[PDB]
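Between the sequences and the hints, there should be enough to build the whole structure, so can you do that?
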Amino acid sequence: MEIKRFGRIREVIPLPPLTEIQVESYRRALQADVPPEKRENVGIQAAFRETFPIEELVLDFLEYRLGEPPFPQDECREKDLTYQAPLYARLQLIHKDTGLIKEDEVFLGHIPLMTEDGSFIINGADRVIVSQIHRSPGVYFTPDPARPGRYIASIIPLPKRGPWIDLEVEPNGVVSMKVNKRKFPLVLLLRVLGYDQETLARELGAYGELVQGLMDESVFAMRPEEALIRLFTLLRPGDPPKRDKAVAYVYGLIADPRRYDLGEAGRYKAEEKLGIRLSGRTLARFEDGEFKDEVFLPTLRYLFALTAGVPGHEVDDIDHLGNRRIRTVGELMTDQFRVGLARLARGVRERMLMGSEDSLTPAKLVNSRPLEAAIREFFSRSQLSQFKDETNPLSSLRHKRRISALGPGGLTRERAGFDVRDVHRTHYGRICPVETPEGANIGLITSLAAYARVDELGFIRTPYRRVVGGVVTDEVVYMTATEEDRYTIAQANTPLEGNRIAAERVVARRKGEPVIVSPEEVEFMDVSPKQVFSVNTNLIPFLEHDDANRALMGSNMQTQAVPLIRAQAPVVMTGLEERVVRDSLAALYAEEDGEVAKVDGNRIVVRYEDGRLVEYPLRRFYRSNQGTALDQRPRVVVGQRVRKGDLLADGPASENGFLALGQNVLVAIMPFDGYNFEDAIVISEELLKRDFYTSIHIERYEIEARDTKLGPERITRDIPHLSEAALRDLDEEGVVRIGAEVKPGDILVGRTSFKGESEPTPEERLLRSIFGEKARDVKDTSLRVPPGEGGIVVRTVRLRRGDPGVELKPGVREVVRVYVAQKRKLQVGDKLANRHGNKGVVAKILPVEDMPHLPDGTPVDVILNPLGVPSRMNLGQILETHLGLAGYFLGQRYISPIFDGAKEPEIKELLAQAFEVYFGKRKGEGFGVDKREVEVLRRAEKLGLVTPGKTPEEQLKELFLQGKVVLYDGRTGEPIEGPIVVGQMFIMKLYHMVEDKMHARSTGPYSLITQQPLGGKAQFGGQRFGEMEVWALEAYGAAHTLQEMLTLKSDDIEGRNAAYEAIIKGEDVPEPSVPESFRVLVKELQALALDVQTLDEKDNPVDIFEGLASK
Amino acid sequence: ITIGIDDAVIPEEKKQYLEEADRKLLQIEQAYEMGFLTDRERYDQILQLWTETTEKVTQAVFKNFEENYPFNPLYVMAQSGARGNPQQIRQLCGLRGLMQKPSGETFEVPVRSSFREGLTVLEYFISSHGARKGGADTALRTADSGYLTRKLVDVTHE
Amino acid sequence: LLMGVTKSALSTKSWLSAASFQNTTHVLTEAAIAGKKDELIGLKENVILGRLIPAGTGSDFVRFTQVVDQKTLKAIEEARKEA
Amino acid sequence: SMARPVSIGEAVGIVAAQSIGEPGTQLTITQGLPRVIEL
Amino acid sequence: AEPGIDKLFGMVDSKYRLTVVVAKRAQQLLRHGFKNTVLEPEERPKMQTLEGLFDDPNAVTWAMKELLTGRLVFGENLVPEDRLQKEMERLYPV
Amino acid sequence: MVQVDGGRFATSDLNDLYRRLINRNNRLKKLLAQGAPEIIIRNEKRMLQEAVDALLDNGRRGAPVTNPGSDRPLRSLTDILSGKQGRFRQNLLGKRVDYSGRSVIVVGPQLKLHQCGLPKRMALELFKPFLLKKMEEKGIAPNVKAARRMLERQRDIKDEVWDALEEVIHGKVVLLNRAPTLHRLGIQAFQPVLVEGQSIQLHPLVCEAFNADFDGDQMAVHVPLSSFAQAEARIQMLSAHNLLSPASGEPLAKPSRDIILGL
Amino acid sequence: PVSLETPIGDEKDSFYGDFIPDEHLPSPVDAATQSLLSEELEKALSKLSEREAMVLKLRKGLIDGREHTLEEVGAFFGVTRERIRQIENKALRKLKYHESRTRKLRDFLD
Amino acid sequence: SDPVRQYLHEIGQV
Amino acid sequence: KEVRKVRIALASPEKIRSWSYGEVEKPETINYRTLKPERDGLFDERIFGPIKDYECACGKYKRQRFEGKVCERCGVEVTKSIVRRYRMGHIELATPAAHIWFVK
DNA sequence: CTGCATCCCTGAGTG
DNA sequence: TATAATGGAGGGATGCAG
RNA sequence: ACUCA
Ligand SMILES: [Mg+2]
Ligand SMILES: [Zn+2]
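Sequence lines, in order, name chains A, B, C, D, E, F, G, H and I.
Numbered per the entry's author numbering, the first sequence spans residues 1 to 56, 64 to 1118.
If you're matching positions, the second sequence starts at 947 in the entry's author numbering and goes up one per residue.
If you're matching positions, the third sequence starts at 1420 in the entry's author numbering and goes up one per residue.
Numbered per the entry's author numbering, the fourth sequence spans residues 1210 to 1237, 1252 to 1262.
If you're matching positions, the fifth sequence starts at 2 in the entry's author numbering and goes up one per residue.
If you're matching positions, the sixth sequence starts at 527 in the entry's author numbering and goes up one per residue.
If you're matching positions, the seventh sequence starts at 314 in the entry's author numbering and goes up one per residue.
If you're matching positions, the eighth sequence starts at 78 in the entry's author numbering and goes up one per residue.
If you're matching positions, the ninth sequence starts at 3 in the entry's author numbering and goes up one per residue.
Hints are computed from structural coordinates only; laboratory data are not their basis.
All the given hints hold, so there is nothing to weed out.
Non-contacting residues of chain C with respect to chain F, defined by C-beta distances greater than 12 Å in every case (computed):
no.: 1; residue: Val1424
no.: 2; residue: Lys1426
no.: 3; residue: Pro1473
no.: 4; residue: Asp1479
no.: 5; residue: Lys1500
Heads up, simulated BS3-like pairs for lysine-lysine below, C-alpha to C-alpha not over 30 Å straight-line:
no.: 6; chain 1: E; residue 1: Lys66; chain 2: F; residue 2: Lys664
no.: 7; chain 1: G; residue 1: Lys417; chain 2: A; residue 2: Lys786
no.: 8; chain 1: C; residue 1: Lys1490; chain 2: E; residue 2: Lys87
no.: 9; chain 1: E; residue 1: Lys66; chain 2: C; residue 2: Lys1493
no.: 10; chain 1: F; residue 1: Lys610; chain 2: I; residue 2: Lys7
no.: 11; chain 1: I; residue 1: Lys64; chain 2: A; residue 2: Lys1090
no.: 12; chain 1: G; residue 1: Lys407; chain 2: A; residue 2: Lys781
no.: 13; chain 1: I; residue 1: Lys62; chain 2: A; residue 2: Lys762
no.: 14; chain 1: A; residue 1: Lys185; chain 2: A; residue 2: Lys167
no.: 15; chain 1: A; residue 1: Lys1024; chain 2: A; residue 2: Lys750
no.: 16; chain 1: A; residue 1: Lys781; chain 2: G; residue 2: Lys403
no.: 17; chain 1: C; residue 1: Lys1426; chain 2: I; residue 2: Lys7
no.: 18; chain 1: G; residue 1: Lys356; chain 2: E; residue 2: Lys87
no.: 19; chain 1: A; residue 1: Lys910; chain 2: A; residue 2: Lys964
no.: 20; chain 1: E; residue 1: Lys47; chain 2: F; residue 2: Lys684
Virtual Cβ for every residue (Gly too), placed ideally from N, Cα, C.
Structure, rendered in structure tokens:
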């Protein structure tokens, strides 16, 4: 079909590699494809260089190398393995006394490898390392909140890389330095650095009254050694002030590059703010036996010049994106690598003392367990390491571009006020102002802008076109916020004739401030509107017409869209739906030009120009992390000529290379019998008939048979006391057969466990005697289908003990996995949503005959209530519906770019072209205007919609240009008394489905200590009746219902047992007893040496333990 | 009852009020550059002018609805109390209005566009500040409200 | 004396209520020193004890109300008259 | 809730607390919920 | 709404006393198998099954209807508890 | 100290704190018996005091004692008693309960004010023991054990048990609740109408008191068991009996949205 | 072993031990089933004579908890051990017949 | 407040 | 009798010893091979009660016909296992220790 | 004034 | 059971004590 | 923690 795209803005550059923030970060961190001699001192190389040489025998580092993965990605996902590469390090042990050298390559374990799409495979599960925003290290100057005319100087290194130092001018006049919560006069530390009164007087004397507050005679009287011992006594009281100890401590605190590490960005920010040059990333140096200052004097000078009001000195905006930087995958992984390496170095140093001081190899000296433990900890249990969101490809694409202010080394939720969550003016082009979580995490979790990229220092940069004179060049400069604040940047929609600015007045920004400016003052220009918003936000057509609060929900809900079996791209696109499928490697493309040799459901074989025959296998019906089916379908035919970059196979939720998160349905905006009341949605049974919004979902079940002290657990078809009807679909070994239908209660894998030793009750003795049948040795522990689940068994995986290639955790004989899939049709309670924030649950599925329908008999698909539009102020869906009506009758789709798309006149023109097809067809078919159409036109000209006096066709066209049509009620056949908006809308089926969320419980599992029911549907748990529900029951005065909640329905053991027996016997429920959690409270208070006594009216003790706890 | 894009009716008075506000802003800038009023007084006068212009365009929206389109969907829903309030209808059909910086200080330039006309990327980014600030306000306020409710329950329960 | 809702709730005579509110250690230490006895007057105490709260159908005002049909009522009346 | 004299036994303090607290999330030139808590 | 709920609230000084009376009367009806009812055969609450009209199993509906009739007497200290229980067990055995 | 599913062992931190205490106490006794100098005895006594402090209230004084290879402080008795997760607020002033369920809500315009749509399977689970008794009264099962064994498998469920469940719930009411429960109308009593499907059907007029809408909200269901609880729910808690706000005295169940629009 | 207080999620809101059921204490269903078994056993034993039901109750431990030998039951009833064995066998015969007739105790065989 | 430092100080007195 | 009041008060060492069914003298928990509780340990059945209802540790007395009996061989009382939620132990300190609640 | 100690929404899902 | 070894970091409120 | 209300 035809695809019409609007907009006159020409983007000089395409979108960057959307997952490059992960890929390039990790590639720079590993440096695997760089030959070891040509590596830079970065990442793993920097960590090794920092940890070594280990001095004490001297152990030094030469070079590392990374091997090839022992298993591929698919095998890792299959076998619960980490996709990783072996790490080796060539170390030479040197004896500086002997000169002896023993060199060896030691194995340091494995390091997880990032896949092509920017994710990891940890213990079989896909995971993403979310980038972390934080304060950039450096030297900042903030206003002192207590004293207005004063300021605080803050020296901040990298996280975990040293203390924060605070320089302050105390009210008494002396300058204080704050380190590790202790304060002292900065003059003492300056004296340790070797400064004398002459130097300070000549250096800082230009700022009048502060240098005298800096002067202290007793400190200048004593030489730097006495000052060093004095400072050590101030910082470490009680520690005997041995001079070498003081040297070591002060060096490790300030001058040690191993214990103190300003950022490379920190060094750059310090050099740029103070106007100096750093020889390293420490605040001072230990050179020629003494201490030499680096940072302290420039910072103190800047502080004094700022306090004195010396011009050219400013305070720092700490939320400015020039002072806030991103730590990506490589940096966090390298930090944990460095920690593990330091622990390994401690082990090495301890080994260089014990044992034989002569016979030692690098292999004997190195224990790699700390390093492996640190890396495994980071990748498995860190907060920034998250379960990959692969609901649809866009889910993972967005997940990889996430930015978190939380996590280790960052904010807690209470530490986050309004300042951090705010949208800063420097977020322009860097951080999306729309896409952020609704609720407690708002402002803390954000998304990277579309055109943004993180530089090597960690600052987000955005592109701008250079403007010389009045001409806009095609050269683009990626700027940081700090450099962006220098220029006057015009908007991307400023009129142009050629490369020349065609407007006499342009809209521009100066330090984020909007301004009207002459074309001679234009230094740069925006690349595109797309650069201001994230990837998800850039997929919302007519975004300029949607309120931001609802566009947020649209962006966040595109993530939750479920891949449909008949998924299709929207009729109104933004132009990004192809590129998203491209960069999220779900779809398959051709490497070079060539011809398709073979097309199968499982594979595609292509013969390229090179003559080489390349076979691409297709992922078919694979289960994602969230249960959605990831499967690739071939889009080419045998003998087809393809070019470089042509589509070969469609991934999940993609149609011919375009992103397909939902379906295009014929929607009518009107109330309907209160079934769309309060955002609810009414749908047509025709949607289920033609399998719209039907999705495939796979669930994974697992069971282990292990060795017990009572005998082995066995996976077997022989299960005690079971009928052949129960064992029908199990094979010889006890595993359910592939293709069988399983429902709740059915057996997936049969298993027997040896009965725990137990004396049969006398009742069992008499029963056994009556029936004369021996009680079996084993008990039925088979895995069964939980309530509400089931489907078709598509796969079984079995792993035993003693078969080639597999080894389980200790004690486990065998493990069996069963994969069950299900085709889910749309039903009542499932959640739908569009890209504009309109979301609702399906409340009614009507038969086709009850659906409102067009005059030509076409029924609508979805009925949306118009009451959801005015308060929400998201008009983008309305324009989408109008343009979708136009494209529905013209048989074409559209690309309406963001902030530069189809405007109302063009939509009116397309609607006229569509009305011609919609009505002249009828008129040629030999039919005139309907009677009910005439009545609707009467009521419409009463509404001022159509001009009175025109022909019925002219008035119907006037209505059609407004996007409204005559609609017939399928129940009566009479029309709706007014013209109604009808058109094609793109609606998605979200991951929230009633089938997953419906749950109920009579009785079930209880907790160990509290004896209260467990929680969760997965544990068959009960609903929590919290404090506020108790408040509700109290305010109602419902005492017995509340007491049932507190006793019979939970943790009153006698009470609940007697209640169940009474109800199954038809008797009324008994009087409740003492809640077991109260006895738990009594005993836990006794463990705190407190006597809690229940007393009667006579103040006599009452035993709620019934003699069981008293001797 | 339905909602098309034409059901958000821009009053003819909007252009008149906007040109009047522009001539007034030019007068204020001229009275500033001649040193009659400070930066403070000029900023306050701009804010007040735009506030009164916003009120004027709101009243124009609702008067045009009342006189020429009394059965307009937005107007019916707002008047009946079924949905919507005057300020949301103003954002739909009039102007979006003044937005505030993260500091709470208000921008000199207002958002002249409405959601039917569509904003500019600059205006949208300017509105995002207030949107985010309101979201954070609600998120941090729910906890205080619940804490207060629990305090009151504990003090009045007997 | 005027004290806020927090201090007033912490100062109540019932130590179960105060200890279930806030500052559990302080309340419990002072109550254990004083040998305090909770009379189970309020609602939180009886909720902790799993008791029937002194409100609504649990109020002593309506709790002991009896129901009897006129047939059995008159039978009991004749039985009590003949004693 | 019934437009009639309250019945003996009605837990009145709980109703007071709930009535005061329920609109708390709606409190916004105005001091608002901080003022309510201050009082 | 429950039928005649306004008149039922009119019978009592406290709504919770109405609740107590209804609950205790329902307990009586359940314990004695509805054969202690003050209702007439045409006043018996009915329930529509697939077979047809049967007696309403819900004792609370029964008790509210009986209370609406006025043939029940409620109050405090009308009779000792043991004497009441045993005269009821004599008039309507288990 | 319990053995979990896979045969692994899980234990409380109080055991480790008690072990620290007992080790230090026995070491102190042995050091006293062997006549150690006063420096050693003093160190051991101070360690014993620190261990008792750790057992009673860890982190109260000094650094919190942690398990090896972990920064997680061990959970002492004081931590068990106090806090949002403490014993009082988690297990005493509130509990998880039996005979409760939860599902996504859907607007039920055809419902009367005192009614709510309840899914069939939810009702079968919530009223399960009543249903067993009814299936024993009718000839559906020989006894309660056979009725439960029959309900266990979903394919063994015939259509007469649904009629029996209809007979069970007759006249009874259930409690619907939506979090957050800000005022007493966050819980309301409704007569259940059994419905096919998995969604709870809520009456429109009560959506304002629950602050409920249908963009994905879920509600919890509870079954009052006794005749007393059922009477309390039908008389005091019934939705149709609470029409005015206890705060303002104004009508709370009143027309809104589409109703106002049409009128 | 591993700590029961091991956190689940990076919220402080849940523990590992909260997901571990109690397998020791009988569920309400199991206690109800055992009570119904005892009651059905007494119903079936009432269909015997008092003497031949008492013989079975004494031999299988339903009384006093211990399983008496044939000599002890015979000496308690003043008969010969062969006599008590015979009346035990005929009581078991009547029990099996009533079981085949009423099919009451089958469901408790699991 | 630090038991290790206190014990080391006590050790340093002999 | 019905509970009308709840009293809380300090506990003397005498009252603590009156609560205790025995002294936990060992830091042992359960045996590494048998998985049974270690004697004089934190889970000792001789102190806190039997693991299984009306059954001693070694298995000499296994039914309710003995209740209140204390097995001579293993030293466990035959009662309901529920007592393991109730019965307290105690540790006799060699030196008094301050309750931190009354200190901090 | 400074230092330490305490509460800071609920329910639900998943993992 | 014996070479000698000797110190390891971005909130805010109010309620206490020095 | 992440998500929903
Ligand atoms: Mg909602
Ligand atoms: Zn024994």
